[PDB]
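Read the single chain below, which is given as structure tokens and is the form deposited without ligand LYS.
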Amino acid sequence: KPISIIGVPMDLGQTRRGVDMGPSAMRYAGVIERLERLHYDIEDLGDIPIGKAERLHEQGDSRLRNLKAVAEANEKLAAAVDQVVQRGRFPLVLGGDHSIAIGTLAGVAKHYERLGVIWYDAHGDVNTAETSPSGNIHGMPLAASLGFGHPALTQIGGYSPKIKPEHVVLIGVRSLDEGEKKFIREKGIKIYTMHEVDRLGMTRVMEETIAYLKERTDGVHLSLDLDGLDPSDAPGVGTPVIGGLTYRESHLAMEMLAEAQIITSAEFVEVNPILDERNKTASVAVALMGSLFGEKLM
């Protein structure tokens, strides 16, 4: 299936500038050439126009920083992703902070009866305005997509929820707020924190994840936050948490997913060149995309 790349130079979902440079850092890391090498019909649709943050004293949003601009940008993204899916192409979204997942899922979910989601991240991203200790929307996209949060976020695309909790699988988590633990626990979301990765090993984690989703969904969206990997492997991220997934574990995960052929849409987020070491993180992302799309060692 042909691929369409959509860049979303968004950094309004959090406070550290630079993640808006993530899409082009990945383009410069060679994403197009990497995928073309695999014989793909790859198209780069450019970037979604993002707004400027309105003055703090003006718009109401501290538990929901930059709400209107984040919501607006996500509406455009949803529309663009929806168009790509309708054209029979695979939407590959490059961020940009994780709040863009709201738009990506909005444009994709409507096309599936039961869309599954693999949230590869050091965090749960299941906060709401009420539980968020920072007010950063990039920590709320999963909750919002499940229909929990501000209507400006949950209603993007004109429908809600995008997915069901039983169709989500979190992988690599090692930093959850108490409210998020409660959310995950109560909604019954499947989760493999670093404890399970260490205890069962990435192979088993992926086998169980793949079997779990293939058994109850008709499509699977991969939402990969580079901070899921250890900061030593992916230093250019805004919210690094030590004790993460290795470069090799991540390649294995992508290779196993490619093998399973269950991934119908994907997004690589949180790449911040401004906090990186010589584009290492963008390069890691591109290498992972390579494996995801079928690149094999043999």
Second form
Protein chains: 6
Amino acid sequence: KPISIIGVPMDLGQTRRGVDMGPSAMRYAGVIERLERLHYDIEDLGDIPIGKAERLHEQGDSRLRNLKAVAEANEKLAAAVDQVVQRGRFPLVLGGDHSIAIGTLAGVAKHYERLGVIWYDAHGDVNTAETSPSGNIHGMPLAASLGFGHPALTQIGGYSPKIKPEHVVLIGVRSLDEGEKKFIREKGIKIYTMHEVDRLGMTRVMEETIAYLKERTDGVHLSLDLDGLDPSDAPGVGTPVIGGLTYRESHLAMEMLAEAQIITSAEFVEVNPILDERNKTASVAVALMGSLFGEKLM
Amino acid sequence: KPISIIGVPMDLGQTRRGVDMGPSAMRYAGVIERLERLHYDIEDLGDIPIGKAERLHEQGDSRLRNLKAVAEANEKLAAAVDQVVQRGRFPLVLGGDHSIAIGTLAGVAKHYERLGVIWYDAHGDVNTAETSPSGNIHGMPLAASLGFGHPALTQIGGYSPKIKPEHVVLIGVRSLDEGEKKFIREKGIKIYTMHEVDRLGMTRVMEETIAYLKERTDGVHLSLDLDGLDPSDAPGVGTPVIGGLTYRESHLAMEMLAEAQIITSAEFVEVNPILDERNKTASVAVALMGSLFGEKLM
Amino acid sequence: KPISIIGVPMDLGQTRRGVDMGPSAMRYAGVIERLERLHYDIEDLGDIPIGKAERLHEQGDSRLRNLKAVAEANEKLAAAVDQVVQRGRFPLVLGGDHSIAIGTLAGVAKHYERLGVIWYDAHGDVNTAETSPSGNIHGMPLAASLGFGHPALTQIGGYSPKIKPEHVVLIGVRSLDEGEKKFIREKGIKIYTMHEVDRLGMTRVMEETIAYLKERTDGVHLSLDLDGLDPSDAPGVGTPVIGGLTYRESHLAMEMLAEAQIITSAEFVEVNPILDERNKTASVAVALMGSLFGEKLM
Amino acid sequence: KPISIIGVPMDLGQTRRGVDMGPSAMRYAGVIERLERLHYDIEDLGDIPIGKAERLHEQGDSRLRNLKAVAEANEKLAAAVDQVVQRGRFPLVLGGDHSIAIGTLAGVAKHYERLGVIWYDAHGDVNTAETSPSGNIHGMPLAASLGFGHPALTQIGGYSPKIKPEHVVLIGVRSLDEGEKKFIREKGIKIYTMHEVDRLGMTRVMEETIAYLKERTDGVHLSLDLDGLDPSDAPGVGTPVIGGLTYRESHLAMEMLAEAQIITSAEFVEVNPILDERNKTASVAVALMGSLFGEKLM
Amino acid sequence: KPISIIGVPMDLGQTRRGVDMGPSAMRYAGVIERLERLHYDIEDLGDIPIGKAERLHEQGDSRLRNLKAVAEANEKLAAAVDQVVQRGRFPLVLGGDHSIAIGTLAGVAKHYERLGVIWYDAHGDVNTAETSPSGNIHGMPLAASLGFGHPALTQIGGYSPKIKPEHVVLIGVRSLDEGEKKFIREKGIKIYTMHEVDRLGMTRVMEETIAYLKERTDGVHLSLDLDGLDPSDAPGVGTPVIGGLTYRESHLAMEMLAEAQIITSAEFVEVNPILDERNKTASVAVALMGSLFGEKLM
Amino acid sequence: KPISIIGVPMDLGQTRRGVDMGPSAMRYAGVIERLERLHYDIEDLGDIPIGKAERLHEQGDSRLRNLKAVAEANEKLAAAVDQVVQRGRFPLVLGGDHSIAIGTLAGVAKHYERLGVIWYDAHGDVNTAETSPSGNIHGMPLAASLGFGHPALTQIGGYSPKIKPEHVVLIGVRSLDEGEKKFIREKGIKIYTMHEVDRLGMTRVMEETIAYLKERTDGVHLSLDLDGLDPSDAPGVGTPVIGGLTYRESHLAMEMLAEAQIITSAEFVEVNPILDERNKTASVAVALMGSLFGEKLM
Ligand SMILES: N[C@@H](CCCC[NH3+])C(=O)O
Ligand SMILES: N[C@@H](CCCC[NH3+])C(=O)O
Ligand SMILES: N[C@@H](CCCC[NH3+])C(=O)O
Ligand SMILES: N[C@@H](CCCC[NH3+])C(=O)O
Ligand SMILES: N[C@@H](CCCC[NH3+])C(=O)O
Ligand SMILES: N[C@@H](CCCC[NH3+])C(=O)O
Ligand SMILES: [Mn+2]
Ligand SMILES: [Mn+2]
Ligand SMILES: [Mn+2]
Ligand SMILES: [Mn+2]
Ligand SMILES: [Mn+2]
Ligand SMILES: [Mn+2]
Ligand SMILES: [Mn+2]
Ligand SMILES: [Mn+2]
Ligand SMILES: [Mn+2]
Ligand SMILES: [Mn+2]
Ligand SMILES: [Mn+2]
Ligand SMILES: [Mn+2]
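What would the structure be for the form solved in complex with ligand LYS, rather than the form deposited without ligand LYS?
Below: every chain and molecule of the assembly, starting with the one above.
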């Protein structure tokens, strides 16, 4: 299927400057060339225009920083993603902080009966204004997409929820807020923390994940946050957490997904050039995209 | 069960300065806070007073450096640990070179019919004056606790041996003196060298270890030497050996032990701030303690 | 005097991706805040729109890569800078590869009888299509501004030359192409290579430079290329050259310039986040700007 | 003159754990051996007992954290230093955060008509409860010794002030709070910030400093804070500030002082093993002490 | 069986200087000492004399650089290896770029009915003048040994092919040229790329490899290219490729081979001191050789 | 004057393996290319054949390790150097441990009435069997050349002494053995330790050195030991000593010597690839050679 790249230079879902440079860092790491090589009809649709954050004092509220700007940008993203899907192309979204998942999922989900999601990350991203210890929307996209959160975020695209809890698989988690542990537990979301990765190995984790979703969804969205990988492998992220997934485990994960042919949409987020060591993180993301799209060693 | 912390600023069992700073580096790495967060009744009993070593030429055996001072301090530790166990609390001992295991085991062992020991280390620590290539008592604690060595060491606490060979499991070993290989072989001590860890995986090694001990002991003491981990993960150790256990394997190990609920006492040793990179090693110890005491990702 | 910031996300004057991210890396390194603290009326005019380069095979000269797009963008910059000077504000230009000096000098020069230029760099940037070993316009801005090169470059702003050779002082030079050595020699441009910096000391070099220019110009433009500093201090540059100016020498230089009160415009260029170590280079630029604008230790 | 070493494991004048390990890190870096080699009658008097900080809520006040504990410890230090001086020995104090300077100066000053002070540091340490942005007493010792501050600190030793402003020379300063700049300016304290070091060179700075003091004091106290050196040379400090004095400049400074024979008392502070890279900082301090006490290359 | 060491200071099969220093870096890393310790009758036969590259204008070597010189050196190597085998000694060949495999296999193969080969590498080394993107013979030894390539290479030793495709097992591959992918695919060579290593694990991979070869060969040659290990573990190699085999995986591999007792000859290649970090790579090689030759942890 | 390169792969004058690799690491760092570029008639005469160390039990060398082998190699070197000088060519000797200076000076000195020597080093290299704390001849070449030491060393070339103490200038010294301090002091050798470099600066030091020698010699030999530079700049050396000469200071030194046109012969020694970081040290050497031979920035 042809691919359309949409850059979302988003940094409103958080407070550290630099993550808005993620889309072009990956471009500069050679994302187009890498995929053309695999014989893809790749198209770069450019970047979604992101506004300037409204003063904290007139925004949606403290627990939801930049609510309106984040919401607006996500609306635009959702429209772009929708069009791409309508054109029969695979939407490959580049971030940008994780709050963009709200827009991506909004543009995609409506096209599937039962959309599944693989959240490759160090965090669960299932906070709400109530549970968030930061007020940063980049830590709420999964919860919002499940229909839990401020309506300005849960209603992006004019519908909700985008996916069901039983259709989500979290992988690589190692940093959950108390509220989130409760949410995951209560909503019954399938999760493989680093404990399971270390205990079962990435091969079993991926095998179980693929089987689980293939068995109950009609499309699967890969929402990959680079902080899911260990900071030594992906140093350029806003909220790094040690003891993460290795460079090799991540390639095995992408290769298995490619092999399974279940990924129908994808986004690579949280790449921050300003916190990186010579674009290493954007490079990992591009290499991972290569594997996901079929690049093989033999 | 409530926890009591006992610091043993010991460096007499070896020759490199700095390991005596281990207890406070771990305190500064936040050991109390980490455990309080887990809802424990944690108490810090302070540090055992360590004497000064007498003139080497006045010492009566070069194969046992600082014997008197090491024995003396270990007696004190044994008393302290005994007191804690008597009070119904779990003794968490912080080192300090590994020779302190002699005191810890002396204070604990007497309270169990068949105490088991998990020696997580790169070394066997089973030397004697006869086999030691260094004369450093920090390389003799396991042998001494098994009743093999100078009576000044084997009789701490007024009894011997503290544990039986068939109740010991060595994990992470990769540096054994010839005499030690003979000792382990002949005494029939269960050992998983890096070869087994690589070949079987930490999960299998830990499963077998837990099953083995749970099946024949009434308490299990964890004697964790930070040099068991790779020097890249735990740089601050006096006798580093490459090709060690990773940060993740160690967390998995602690997590499985916690899960099994078999650990009845523990000690974290060989942390040396002076050979470290910004307290990294002390921090690893604290994070591993978190996992040992039940800290979970989900 | 109030300051106006103009970002020029330019990478057309060279071939390595990333230098276009320079303006925002410096913004993220806190340029506005640093200057506001000094009590300045600082204004950020945004970024000059940079077009896309036309097909190389369609371009009419390989010795002048991206000539049209580079000229076009420089025209825009010149207009913007002119506007700022007309408004009685100091133009602070952020790059972006060094080819932007053509636009900056074009907008400024017209306002002075004898504009002086301090070129703090590892290179002379005095190549022409004839002498350039690369065809990269970023290595030609000083020559072009002196009226030497392709008219598309020498005529930006509708006039030429912008400055006279006798009013230029090169500092920190350590990498000159043969043609450039000839140019500097023949045009009689004052130059302090690393040999002079080492031999005389930065203090003497700066004293002589300030006296020289103050004695014959009515305004002085500081064109600071971060690659003038040693790669260990400023790693994020496209063409690093070892044996450069230290962090301290650069602060002393800026401090002496501020003290002299001769700088009437300035530009900080060649910052590339993608070749950097956690925005270090952009940070150095911001700290140097602080000193240039009067920041003092006591 | 014979030397007496007094360790002051102080961390109450600040908030980061670890600086209390400074005295023994330097001991472990071999301070005694280094000085014995120079044929000194060196004596180690041990460490001053430091209490536990009183709860913020019952202490002297917010702007003066741990006031009573700091004061008390300084009283003890002053008594110890006084005795040493009375015994005709040179007092060499090892810290420990800089607040210990209050005790050292109290024990020394009373023995001189006009005691001079060389404050080798990145900071001025002339804050008061009024000007302090932290409430940390380690940033007030110089001001307190000049008689400016809370009486609990200004009256240590039963007298004040300990020295006169005109008898103080600050060297290496590069991080002053606004209040401090005012204090220095108004009290007329001689200061050589990094600007002067870069501009005049360490040789001239030291020459001027030595002449200045030799010309008006009857004894000179060297209060050396390791953060005075660049963080790359002395990484183990609580409040590092970039762009500092090099390893060589510091040795030249010590060698010139030794040569001048004007230093009558000294203290090396802020060494923190826990923030260091393999005791590098304590090692620098010991090497510097070697130079100060006469160690020469030829 | 007694061991004979033959150094082959070869760098003709490639273009980066330094790999000719491989043999002595390993000797300096203690290869003799390490093997003597295991009680071997080790003999060092010295180095094969290698020639100088003749003028390109003279002889042609665009697709086959240094053909004559590489061929002549390999003839010498083949003779030396043959003699050692004839003397009933195990030939341990130290390189030197991988083109030396042509000579090693030529001297060994003729002595076995069905010689097997384990090619531990990041590359396939199965290029031909036709498929090679570099013209570097160090990327053609496996193809040449299989009887595919220039006769000057395929006929070394006076016979061809040296081994059969079905008796070859590639391990650690992660960088194959298109032509090589086709070759491996068509020739039916057994291969475990990093995908298989990650998916099955090194234990499984080695078990399958040993059973596969033991089941159909009468001897097995280990051709170990240090670049098979990740660049972080073996930095000193001419063509590093990230995402490689770890230091522990490699030890496990060597330990299992020793255990299986199937290796009848071996070579360690591509060690380049000039691209290394303090002989780290030569050190890993010596360590791996120790394991291969029976060194055990217990 | 035409240049002849003579490699001396010597490691007999010391005990750490690797320094014998110095000559080719420099060749690989591009020494020929660098000098040809300066339009020199450069010739590479190859390497002096060096022997193997004979059994300690056989010949004695505790205070004079490898005496016979070091002496014999130096005789060969002396002949080679003599011939080159006889042919009217400048002898450029590449080491190899510093003991080779004995052979270089032996081949050169006889051709001058008053040969001067600039010993750029961290050490004095003026030990004798009596004063040497190591028995390593690489720490005795200067003393031996001055006619002090074992006759096997002092008589190389059939004459002694090669030079006079008053014609020697040591630069960069920071590590002298007590006996050496006495020797230098008593022999009246001119020396600039790091204290003088720091105090006077490299410009002053070189000016004084050039005027001193130019005023009383008819030729000057540059004996440059890379360990004279700081270990951060030249990491690959057998006996590094911190607080050394910077990369820039060394270039200035070479630039001033070239300018003075007083150097008539030279040798670059102690380069050890095996203790280096990617040939960095050999690279610095080649760079310094370029400056020495006239390479200029302008
Ligand atoms: N859970 C944290 C971190 C989220 C990071 C998202 N990129 C929060 O909600 O603030
Ligand atoms: N086995 C060695 C090293 C022991 C290290 C103990 N911490 C010895 O006995 O000396
Ligand atoms: N002088 C070289 C390098 C210039 C670098 C400019 N930023 C050239 O003209 O290509
Ligand atoms: N000036 C700052 C830092 C002082 C650091 C003293 N060691 C303060 O007063 O908080
Ligand atoms: N496959 C590449 C790299 C080979 C590397 C061999 N050591 C080539 O043939 O050029
Ligand atoms: N002075 C010491 C070190 C000399 C190093 C010579 N390269 C010695 O003679 O052993
Ligand atoms: Mn995350
Ligand atoms: Mn996320
Ligand atoms: Mn151990
Ligand atoms: Mn141990
Ligand atoms: Mn430049
Ligand atoms: Mn430039
Ligand atoms: Mn300070
Ligand atoms: Mn201070
Ligand atoms: Mn390879
Ligand atoms: Mn290979
Ligand atoms: Mn030396
Ligand atoms: Mn030397």
